[PDB]
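Only one chain is included here, represented as structure tokens and corresponding to the form deposited in one PDB entry.
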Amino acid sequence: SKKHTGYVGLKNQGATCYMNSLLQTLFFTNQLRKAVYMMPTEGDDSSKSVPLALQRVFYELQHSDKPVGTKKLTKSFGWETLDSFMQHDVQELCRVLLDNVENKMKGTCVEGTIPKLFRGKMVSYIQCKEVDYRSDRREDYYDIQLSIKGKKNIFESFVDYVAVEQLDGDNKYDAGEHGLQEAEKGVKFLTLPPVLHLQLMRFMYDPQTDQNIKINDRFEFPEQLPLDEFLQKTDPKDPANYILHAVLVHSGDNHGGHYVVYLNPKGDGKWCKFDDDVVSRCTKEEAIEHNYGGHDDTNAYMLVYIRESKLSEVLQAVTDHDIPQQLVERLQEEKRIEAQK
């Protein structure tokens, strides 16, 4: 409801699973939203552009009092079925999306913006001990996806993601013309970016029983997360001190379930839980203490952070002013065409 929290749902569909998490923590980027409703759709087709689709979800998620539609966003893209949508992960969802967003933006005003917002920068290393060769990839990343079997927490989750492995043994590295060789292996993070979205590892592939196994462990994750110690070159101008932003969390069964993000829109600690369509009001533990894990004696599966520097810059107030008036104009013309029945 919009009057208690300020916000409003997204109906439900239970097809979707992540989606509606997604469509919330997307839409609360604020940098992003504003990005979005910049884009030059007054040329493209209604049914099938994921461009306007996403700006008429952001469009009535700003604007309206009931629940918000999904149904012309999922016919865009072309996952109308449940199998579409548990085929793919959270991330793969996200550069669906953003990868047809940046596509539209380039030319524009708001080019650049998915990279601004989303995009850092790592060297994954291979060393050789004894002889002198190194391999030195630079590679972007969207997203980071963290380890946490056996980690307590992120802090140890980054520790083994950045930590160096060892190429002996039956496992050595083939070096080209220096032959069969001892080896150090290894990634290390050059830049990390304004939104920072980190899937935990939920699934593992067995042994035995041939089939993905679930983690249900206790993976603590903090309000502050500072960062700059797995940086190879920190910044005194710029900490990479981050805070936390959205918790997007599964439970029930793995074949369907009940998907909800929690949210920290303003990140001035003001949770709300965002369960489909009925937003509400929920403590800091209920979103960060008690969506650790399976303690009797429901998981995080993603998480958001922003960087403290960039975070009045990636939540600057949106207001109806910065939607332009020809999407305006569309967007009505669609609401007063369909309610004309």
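If you superpose the two forms and keep the largest set of C-alpha atoms that fall within 1.5 Å, you have the rigid core. Positions refer to the first chain, counted from 1. First, how it differs from the form deposited in another entry.
In the core-aligned comparison between these two forms, the C-alpha of 168 is the only one from 99, 228, 168, 156 that shifts by 2 Å or more. Relative to the superposed core, residue 210 undergoes a C-alpha shift of no less than 2 Å between these two forms.
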Second form
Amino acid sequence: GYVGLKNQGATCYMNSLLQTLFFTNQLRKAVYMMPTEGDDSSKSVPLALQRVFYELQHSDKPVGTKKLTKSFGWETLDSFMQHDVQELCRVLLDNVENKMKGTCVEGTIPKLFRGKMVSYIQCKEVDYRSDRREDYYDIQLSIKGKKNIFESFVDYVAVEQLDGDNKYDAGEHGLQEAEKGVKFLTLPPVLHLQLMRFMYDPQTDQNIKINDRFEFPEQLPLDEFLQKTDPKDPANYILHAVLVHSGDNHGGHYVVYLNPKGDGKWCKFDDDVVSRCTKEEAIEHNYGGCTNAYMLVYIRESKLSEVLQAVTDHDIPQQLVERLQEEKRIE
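Having gone through the form deposited in one PDB entry, I am curious about the other one (the form deposited in another entry); can you provide its structure?
A single chain, with no partners or molecules, comes next.
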């Protein structure tokens, strides 16, 4: 009982991303609460996301995204093909985060998608170490040479040797050999994991896809990679969405698989057609080695009910509904 999105232009991963964001129910409810009463529909990306989500909720007919593409200004043909799926997510989520500022749902975007990370550079020779902390909304994981997501996280937190021609400048201590590393402090309730499915060559300016077999589990234990573990909230995550690209280059066939209720009931979202699908077609058939996954969405098991909370028609403000209904009448 889920409606799809019209193909329209070459939106690439956008339709796959929109369904993923739409079925993050906690995000959707906060999006409806955004005060777009005074926003002009031309350049209002927060309002356009409300229109897309509202149609995805109350339309049997396929849902259009023409106004949304105009909202964040990706109207040229190559705009999506010159960009990335995580870059599009930032544009949408940053705009709604600013909109929610000063409201009851302020901080919803950082609460759901933001985690805490530590990056360190410890000089081996002298007693020097820097311990910068950086927040992240998404994680890009390496699939080349890695068999499963566990090895990608192992390589992610693996130490890098800053020796030879790439030593670390310690200033007063001087140029010395050091190790560079990254550790995870916190993991967000909604975990966006993008896979490095393409390798780029600066010399020849060519993009080569990595269709090698990369495994992702239905349930993902990540307590090991945390710097400090926490009892009563282990870092165990459940697979929610699998964004898949079947082509051999940028542009092609972008399709996303979801189990919106977290029940394991998987459906295939291919633009206009939303067909029920097998768990087999969702997880393992997209391991690769044409179709293979480029992005994965995991939800922490503790936050499963809250993130995927039931959304009713009463949740959408009547003002917004009437404003959207009025525009449909004028058409």
